[PDB]
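Just need the whole structure built from these sequences, with the hints factored in.
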Amino acid sequence: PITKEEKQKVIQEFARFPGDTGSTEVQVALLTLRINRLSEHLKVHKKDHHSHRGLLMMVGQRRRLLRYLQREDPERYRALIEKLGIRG
Amino acid sequence: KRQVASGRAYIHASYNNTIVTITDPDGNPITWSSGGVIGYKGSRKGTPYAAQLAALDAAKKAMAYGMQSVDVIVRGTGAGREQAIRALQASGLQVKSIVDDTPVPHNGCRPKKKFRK
Amino acid sequence: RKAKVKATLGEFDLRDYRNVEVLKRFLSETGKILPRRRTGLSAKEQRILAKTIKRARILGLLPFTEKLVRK
Amino acid sequence: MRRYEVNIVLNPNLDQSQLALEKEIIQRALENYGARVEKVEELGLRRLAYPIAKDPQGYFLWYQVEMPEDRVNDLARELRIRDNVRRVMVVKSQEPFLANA
RNA sequence: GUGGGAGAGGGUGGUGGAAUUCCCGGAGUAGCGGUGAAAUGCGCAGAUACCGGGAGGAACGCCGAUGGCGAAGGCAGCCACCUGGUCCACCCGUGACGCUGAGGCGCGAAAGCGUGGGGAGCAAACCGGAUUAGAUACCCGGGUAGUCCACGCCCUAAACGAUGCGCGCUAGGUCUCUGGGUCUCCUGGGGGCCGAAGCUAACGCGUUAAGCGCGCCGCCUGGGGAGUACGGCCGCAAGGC
Ligand SMILES: [Mg+2]
Ligand SMILES: [Mg+2]
Ligand SMILES: [Mg+2]
Ligand SMILES: [Mg+2]
Ligand SMILES: [Mg+2]
Ligand SMILES: [Mg+2]
Ligand SMILES: [Mg+2]
Ligand SMILES: [Mg+2]
Ligand SMILES: [Mg+2]
Ligand SMILES: [Mg+2]
Ligand SMILES: [Mg+2]
Ligand SMILES: [Mg+2]
Ligand SMILES: [Mg+2]
Ligand SMILES: [Mg+2]
Ligand SMILES: [Mg+2]
Ligand SMILES: [Mg+2]
Ligand SMILES: [Mg+2]
Ligand SMILES: [Mg+2]
Ligand SMILES: [Mg+2]
Ligand SMILES: [Mg+2]
Ligand SMILES: [Mg+2]
Ligand SMILES: [Mg+2]
Ligand SMILES: [Mg+2]
Ligand SMILES: [Mg+2]
Ligand SMILES: [Mg+2]
Ligand SMILES: [Mg+2]
Ligand SMILES: [Mg+2]
Ligand SMILES: [Mg+2]
Ligand SMILES: [Mg+2]
Ligand SMILES: [Mg+2]
Ligand SMILES: [Mg+2]
Ligand SMILES: [Mg+2]
Ligand SMILES: [Mg+2]
Ligand SMILES: [Mg+2]
Ligand SMILES: [Mg+2]
Ligand SMILES: [Mg+2]
Ligand SMILES: [Mg+2]
Ligand SMILES: [Mg+2]
Ligand SMILES: [Mg+2]
Ligand SMILES: [Mg+2]
Ligand SMILES: [Mg+2]
Ligand SMILES: [Mg+2]
Ligand SMILES: [Mg+2]
Ligand SMILES: [Mg+2]
Ligand SMILES: [Mg+2]
Ligand SMILES: [Mg+2]
Ligand SMILES: [Mg+2]
Ligand SMILES: [Mg+2]
Ligand SMILES: [Mg+2]
Ligand SMILES: [Mg+2]
Ligand SMILES: [Mg+2]
Ligand SMILES: [Mg+2]
Ligand SMILES: [Mg+2]
Ligand SMILES: [Mg+2]
Ligand SMILES: [Mg+2]
Ligand SMILES: [Mg+2]
Ligand SMILES: [Mg+2]
Ligand SMILES: [Mg+2]
Ligand SMILES: [Mg+2]
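Protein chains in written order, with the entry's author numbering: chain O, 2 to 89; chain K, 11 to 127; chain R, 18 to 88; chain F, 1 to 101.
Fair warning: there could be bad hints in the mix.
Computed list of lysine-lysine pairs in DSSO-like fashion (alpha-carbon distance at most 27 Å, straight line) [claimed, not checked]:
(1) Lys61/R - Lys21/R
(2) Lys88/R - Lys70/K
(3) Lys71/K - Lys88/R
(4) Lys71/R - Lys84/R
(5) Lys71/R - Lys92/F
Some chain F residues judged to face chain R by a derived CB distance under 7 Å, without partners named [unchecked claim]:
(6) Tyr4
(7) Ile52
(8) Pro56
(9) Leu98
Calculated Cβ distances over 10 Å to all of chain F for the following chain R residues [to be verified]:
(10) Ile50
(11) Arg53
(12) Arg54
(13) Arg55
Because the hints were derived from the structure by calculation, they are not lab data. Ideal Cβ positions, reconstructed from N, Cα and C, are used throughout, including at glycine.
As structure tokens, this is what we get:
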């Protein structure tokens, strides 16, 4: 799955402040978390296609969120990417 | 030639014919009869009358074989099933319990085109 | 048009695949699981009762099918 | 971990040594698969519905456990290897859902 | 974000009964099967009907619904794991991050192809039996591919709601699935049915629009010729665009 613990820990990480949950950064982290989880899922199970749909979508979201952050503040974008380490 | 005297009567009733098999409390048959065990040859074995005469054959036979009480069981839906049980009602045999056993499957096997949809 | 199943029974876990005469009270004189028309449950109720019965059958607690008496 | 229930229907004809020995194998499987046992209700042998293994009745155990998710299956795999075990049923345990309270 | 929820949504491994078929055994005897009626078939090497045992495959009766889930194709025994979507309540966080989407990429019923398994029931082709004016057919008895599995291709369809996606706007009534409420009732989110205004050639549609609007993609331009020819592109092929 993903435990309560794990999700917490990743936010209590990427949050812009105390109480941050919905920040662009954070969502991007979640989506990556979730992604990697699902990609490893389809490392086996190369036949579960209906989940693949989801992967494709979660990827799309991640990408838009990234692009926005870049458009807005290139600094925190580079920083975020150079944390999660993807496509940058 | 064992003198059974208590047993099962099996009515198997198809759109095409009827068979009574008389067996013992353990299920081994004692005697039997059918559409064309009596005269009838073609379709005519389906008629309920065919069933009466057949049922009574199976009785009378079993009765000289020594039997009085029987337990009826019925497989299949078909004309003159009821007529077969009827025949047994007063066959001279005490009809202890009628019962309906017709196998239904849980959808295993793919029917002959005749029986589909 | 007799009277409806759930009306008889008191409170019962509808999840109990261990619990029988409560369960058997949901089946035909053949093994057959009973219609809502006859049981008087709800969409969800009947729905859980199903899996419950089936779980129980597999366990050898409830009958998969039965013979039919008279006829 | 998650909390399952484990039903065991085994040979109603067991003498005592034999019974306590199947029980022993069970204990061992559970430890070896990582399940802590939070309860037991053993209703013992009961009249069946339909024959199982040519037998008219069966000996009933029930174990409420909490154990490693990913291991549950292997556990059942293992529990089943005994000829003297007839049927084995594991379940994620839910909460009572009742009606007519 | 947090907290709940329903679900044949997907993949994997397991396992449960019913029925068919075949094999073993008991008992039993002369026919069963099949049709409009029949015959072919099967049966004294003892069938059928009955009881007991066994193997193997395929599909899951009742529940089952006018029901649910899914983008579509589609999805049904039970169990466990792996996972996608989606709904609600709190109104917590980000602050226009949005809509559509030519190319591209992925999915894509059935049939079909390749390689290797598997093969019970069914069953194109085929072998027979009957009907018929004949019967390359409708009915009957056999039967191979194939239906099943793995992997890789194939990319079609009455792939239908013959209704592209998003948002906003315009009476109600009623039945229902699923949430949350102070729970005869209100409030979300689906499924149906009647009907305001409006639309419509009609039939019909009508808050699940075929009404009133805006954005954006796809498409149409009389019937044949023809989804043919040629060219290109994919394809092992069949063939597809
Ligand atoms: Mg006949
Ligand atoms: Mg056939
Ligand atoms: Mg075993
Ligand atoms: Mg949640
Ligand atoms: Mg499912
Ligand atoms: Mg599944
Ligand atoms: Mg499976
Ligand atoms: Mg069987
Ligand atoms: Mg034999
Ligand atoms: Mg004719
Ligand atoms: Mg001959
Ligand atoms: Mg012969
Ligand atoms: Mg001889
Ligand atoms: Mg048998
Ligand atoms: Mg077997
Ligand atoms: Mg075989
Ligand atoms: Mg078997
Ligand atoms: Mg939908
Ligand atoms: Mg369809
Ligand atoms: Mg889920
Ligand atoms: Mg706010
Ligand atoms: Mg602010
Ligand atoms: Mg889009
Ligand atoms: Mg496209
Ligand atoms: Mg396809
Ligand atoms: Mg296919
Ligand atoms: Mg070919
Ligand atoms: Mg044929
Ligand atoms: Mg022919
Ligand atoms: Mg012809
Ligand atoms: Mg012909
Ligand atoms: Mg004809
Ligand atoms: Mg071939
Ligand atoms: Mg093939
Ligand atoms: Mg395939
Ligand atoms: Mg079209
Ligand atoms: Mg479109
Ligand atoms: Mg489109
Ligand atoms: Mg469409
Ligand atoms: Mg338009
Ligand atoms: Mg959208
Ligand atoms: Mg609209
Ligand atoms: Mg309505
Ligand atoms: Mg409610
Ligand atoms: Mg509603
Ligand atoms: Mg209308
Ligand atoms: Mg009007
Ligand atoms: Mg409205
Ligand atoms: Mg509605
Ligand atoms: Mg129009
Ligand atoms: Mg023209
Ligand atoms: Mg033209
Ligand atoms: Mg074409
Ligand atoms: Mg060409
Ligand atoms: Mg040219
Ligand atoms: Mg290609
Ligand atoms: Mg070429
Ligand atoms: Mg063609
Ligand atoms: Mg195309």
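How the hints compare with the structure:
no. : hint              : result
1   : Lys61/R - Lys21/R : holds (17 Å)
2   : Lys88/R - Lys70/K : holds (23 Å)
3   : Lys71/K - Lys88/R : holds (24 Å)
4   : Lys71/R - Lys84/R : holds (19 Å)
5   : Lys71/R - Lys92/F : holds (16 Å)
6   : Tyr4              : violated (13 Å)
7   : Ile52             : holds (5 Å)
8   : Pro56             : violated (10 Å)
9   : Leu98             : holds (5 Å)
10  : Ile50             : holds (14 Å)
11  : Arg53             : holds (13 Å)
12  : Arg54             : holds (17 Å)
13  : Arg55             : holds (16 Å)
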